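Listed below, chain by chain, are the residues.
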Amino acid sequence: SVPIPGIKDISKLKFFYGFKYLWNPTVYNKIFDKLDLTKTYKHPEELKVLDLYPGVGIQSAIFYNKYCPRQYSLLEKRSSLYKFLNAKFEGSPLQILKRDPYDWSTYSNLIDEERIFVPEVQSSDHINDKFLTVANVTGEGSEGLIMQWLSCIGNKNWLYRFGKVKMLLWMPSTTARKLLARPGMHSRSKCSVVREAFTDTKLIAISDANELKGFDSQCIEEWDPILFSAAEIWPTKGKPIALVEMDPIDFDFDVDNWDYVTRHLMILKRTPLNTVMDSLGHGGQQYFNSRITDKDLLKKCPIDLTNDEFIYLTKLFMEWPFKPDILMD
Amino acid sequence: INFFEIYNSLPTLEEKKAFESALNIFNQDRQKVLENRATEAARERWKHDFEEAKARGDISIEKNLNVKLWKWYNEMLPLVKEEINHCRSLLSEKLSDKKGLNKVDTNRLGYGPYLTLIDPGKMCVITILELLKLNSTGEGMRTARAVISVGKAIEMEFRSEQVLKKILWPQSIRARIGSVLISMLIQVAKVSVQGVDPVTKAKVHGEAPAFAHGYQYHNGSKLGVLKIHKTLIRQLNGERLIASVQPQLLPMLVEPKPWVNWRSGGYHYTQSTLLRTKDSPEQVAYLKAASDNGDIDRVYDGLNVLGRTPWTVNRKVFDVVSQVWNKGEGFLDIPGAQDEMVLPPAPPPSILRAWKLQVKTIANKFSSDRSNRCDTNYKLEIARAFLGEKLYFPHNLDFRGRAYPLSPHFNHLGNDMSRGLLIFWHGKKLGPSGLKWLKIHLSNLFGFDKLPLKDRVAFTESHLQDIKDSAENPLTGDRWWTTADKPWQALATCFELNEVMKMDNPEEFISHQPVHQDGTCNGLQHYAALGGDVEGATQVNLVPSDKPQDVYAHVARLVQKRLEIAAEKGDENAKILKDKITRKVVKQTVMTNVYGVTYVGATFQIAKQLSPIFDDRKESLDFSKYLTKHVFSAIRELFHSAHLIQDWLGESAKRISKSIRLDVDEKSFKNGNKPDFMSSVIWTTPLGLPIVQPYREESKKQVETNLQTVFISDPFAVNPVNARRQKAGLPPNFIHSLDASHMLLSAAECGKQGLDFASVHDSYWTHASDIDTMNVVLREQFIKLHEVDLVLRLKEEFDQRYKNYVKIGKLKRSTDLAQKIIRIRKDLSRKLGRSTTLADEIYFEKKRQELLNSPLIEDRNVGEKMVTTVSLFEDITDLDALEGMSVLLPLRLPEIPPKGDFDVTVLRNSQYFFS
RNA sequence: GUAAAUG
DNA sequence: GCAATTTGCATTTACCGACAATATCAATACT
DNA sequence: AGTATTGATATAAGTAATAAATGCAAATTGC
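One line per chain: the protein sequences are B and A, in this order. So the first sequence is numbered by the authors' numbering: it starts at 2 and just counts up by one. Here the second sequence stands for residues 386 to 523, 527 to 553, 589 to 771, 776 to 1310, 1320 to 1351, where the numbers follow the authors' numbering.
Hints were generated in silico from the structure; no laboratory data involved. The reader is advised that the hints may include incorrect statements.
To be verified - Sample of chain A residues at the chain B side, in silico, Cβ under 8 Å: (1) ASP620; (2) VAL627; (3) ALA631; (4) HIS641; (5) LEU655; (6) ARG657; (7) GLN1180; (8) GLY1336.
A virtual CB, placed ideally from N, CA and C, is assigned to each residue, including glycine.
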């Protein structure tokens, strides 16, 4: 076990940089019970955990106190938060590492030529039983860092070349709404389709019960999130905080072409497919009208499509010879 | 053929007049050809190419560009005809009730009249012209201006037929019409293309839309690009035949059309505005009212005389510059021929930062050299094409009044070489006065203007062999001319003096050089006359004196003493800079100071004029700021009446910006008690030009269009004013208006006399013969302009124009004087049922003056019986001294600062007024 | 946005 | 009344890391 | 009532954010 940071200790701090946290062991153990992480990890004691933006570190302390993994690493740059973490975890198996996870140069330096952390590599058959990461990106300022982190799975250029690894992701609740929306819902976008393509999600927590109307009702029925009081995030000014559980899945398509088609189709996310296809390239509308067989899709909204239909559209785009170069950039 | 040489070779005045008339008639047609718009030539060329292809019967892809454009025009004309028919079916209906239609007719009235046939020419030409104009190649442009450019092109096109006989279209309407036209073109923009099918690995033949609409993300924002087919890019790259509709702007060949109205004047086949109003409806409205009333006729006359100067290009200087040009080496002014941007070595962190700095510096040097070389290219091609021609320049005013040439590429407002390549077309008898004045002109060209007249003439006499050599061997000789400060002007005038010395009698010589009669700190010379300050006038060479007392030299002496004291106290930079304080930099700073220059601009100027001196080689800013911090203090400590007058003007600007209307705010502006300032500083020049400052807060709003919603700033919409900008802009605006008034009065008087007067703001140019007459005219016009109290006239005009205006001020409620206003608002509160509203207070105050508006007796008596909140404040003599709770205050403008005792009739006898 | 020119 | 916050005279030309951003969606104002 | 209008939030994702440094402090408006 490790000393959990107390509410009095977190009270003395001033510079949270806009990051909202939690300080509730009861809420965290309820979240862990809902997660049921031990089901996927047959042997948890060999897990290697690489925590990003640990901030307060209470979540990391709970995780370690619950599971006792093998190797545990924390990545931070903020001066005051790093002072707090270093002052609170001397000698503990917590490995306190000062780097800024915003730069891929940090990962490229940490992976092999320094051997800071050694991620056991697995194939794409089964979700990794060794490597694991938990990220807290509640800081509303840096939210597209999540989009980069999520397209990294598709490009396979990040660690996600090491197998299928969960990344528990503390997110601003509005960003969780944007990611987790279903077709026909206001918050569906490129986040949502990238989520459906490259992973699967289970919402595990949320602060304010009022915004649950934004989520899908059937999804809520399936999930049963561990709701907690909004008086539990230390910076009360910030928006409510949600958690997502993403597990990468096997996929069969071309990532760059898929990105092109989805990104240039979701700009016009209300005008139906009978008109929006022109944005992909010259003659795309007429050609895809000629070729698409499922005429229901032709009237279904771009916000009413799913990942399978987007993969179908990508396949037709590839079959298209007049395909302009996707490196048009 | 050399028209200038022929005219020079003709000695007789009668045949010279006949030659001038014949060349005017002959060049009429050349001017029309040069100014023709390519809206019909492109269509005829495309039709001719299509006819040729049809008659030949053989398909050629390389020549098919014009045929393809003809096909697009054919496929696009009926659809615009259909849209026009929709318009004329919509608007012409008798019933004006909106029945919930899904149509917009705001643009419909816009394109109703003629926009049927000449339009597809504009859309095709502009969209092709912007190949990668907006760095959208990753091909294509940005839709934001692509729609507006079509609207702007239509704007000029509509004015083209009007001048052949809805003043300004809103940017919303421009964007709407552009977007509808571009979408219509996109529908029928088809081109043949070949591609390989990965199923078959064989060429596939068909058609594709030439222009495909798309959106591109840059740093998190939809851009709405408008891309172009790659095959079309390839075809357009090879041909290199732009055939743009709008020809560029070049110096005229026929005598320009004299200004008569605010809208007509200058080019014979183009629309030009008397004001360079960037984007504002109020300036246009007031200028139109002034034109209709007829109170700037003297301004028209001044512009006419300033623009009726014929010029030509100096052949010998052109030959010399062409020789050094074709040599293309690193020369004093022309940059030279550069081959490649050398790459600094790329290190595999301090070394990396040094490499980055070197890369940035080398890239900046590359950009600077390329830009300078391109300018020089255009200027020299224009000069080469214009040799031996008459060059009339029609002039034009910015919103303040300063006169500018219409053609922006080749003009005497340019740099030294551009000025040198120009000489007066006319020739006039030189004589003793001309000889002395031209020698003085060279002397002051060499930078020795701070010395008396006889000393200048002695200097010019002394360097006689130097002039002889520098004109005999333009290059590889002594090259004494390059030692000057105005190289090419010095070269031309040296040429002329060398020819004169080679001539036995200087009197018989016929001159063409422009002689420079400039002024030192015209802004200071206008503060002196405005404030009546005798000390300022005797500081700025306004009172007569045997020797000229140079303001720049005086301030240089003062800052030299200041930095000597600094070196005594122990500043290392001051010690380094003790012996290297330059009249040039101190002159530039002092001269810009009267122009309301900012601290950043002034330190940039000192850095710019210090870098060639190389006191500090690269880091020019760090020493320039240190120099500024002392130089502003010195200038302020020397100048007092000027500072007081500009402080009065700025304070008045603030109190006008924070004002509130009466009639406009009587109707609720929907913001409740919090008001919206909407009044701009407005006055009339001594000439009569309405000078409306344009500064305002403009925020962009998305406008719905068929393609997309373009995000543009609409100036036609009413916006609030920018108090900071208006206050910072009032003093220089007023002073520059006064300079322009002096300029135009002097030009009008010179034209009445019968001279040739070309002027660059304060500096005035004329032949060496008539310098004396021009100086007399200058002095008389200046004294006539400033023989009355302009600042007092300005203040009383402010009082007249802004009489019924109510400022806003937050006095303390606990003040015992609040009792009357509290009673008035309480009765209003009882009627209102809540806290008294400023809108209701303004309505009651307006009702008070409304009764007095009617001369009817009962209206006045009851109006005299009315009591308002403002009437309480009318009893205090010093409201500013009396001045929390927001309350209405009447508009109070401070009285003018005390005037000195100065005599313009005394300044008249100052020979060194304008040297 | 950057750079140069002019008063 | 205070306090921290934003940015400055006029025009002209050329250039590029690069420029006025656009689409829903809700809250409210109009006939 | 019921369309019409305006204000706000997301969009991509390396032209990052936070707070630590600086500024020209002076004229400005944040509250």
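These are the hints, each one checked on the structure:
1. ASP620: holds (4 Å)
2. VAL627: It holds, given that the least Cβ distance between A:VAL627 and chain B is near 5 Å, below 8 Å.
3. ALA631: Holds: closest Cβ of chain B sits about 4 Å from A:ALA631, inside 8 Å.
4. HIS641: violated (10 Å)
5. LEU655: At about 10 Å, which exceeds the 8 Å cut-off, the nearest Cβ of chain B leaves the hint on A:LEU655 violated.
6. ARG657: violated (14 Å)
7. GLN1180: With a minimum Cβ separation of about 66 Å from chain B (threshold 8 Å), the hint on A:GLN1180 is violated.
8. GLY1336: violated (60 Å)
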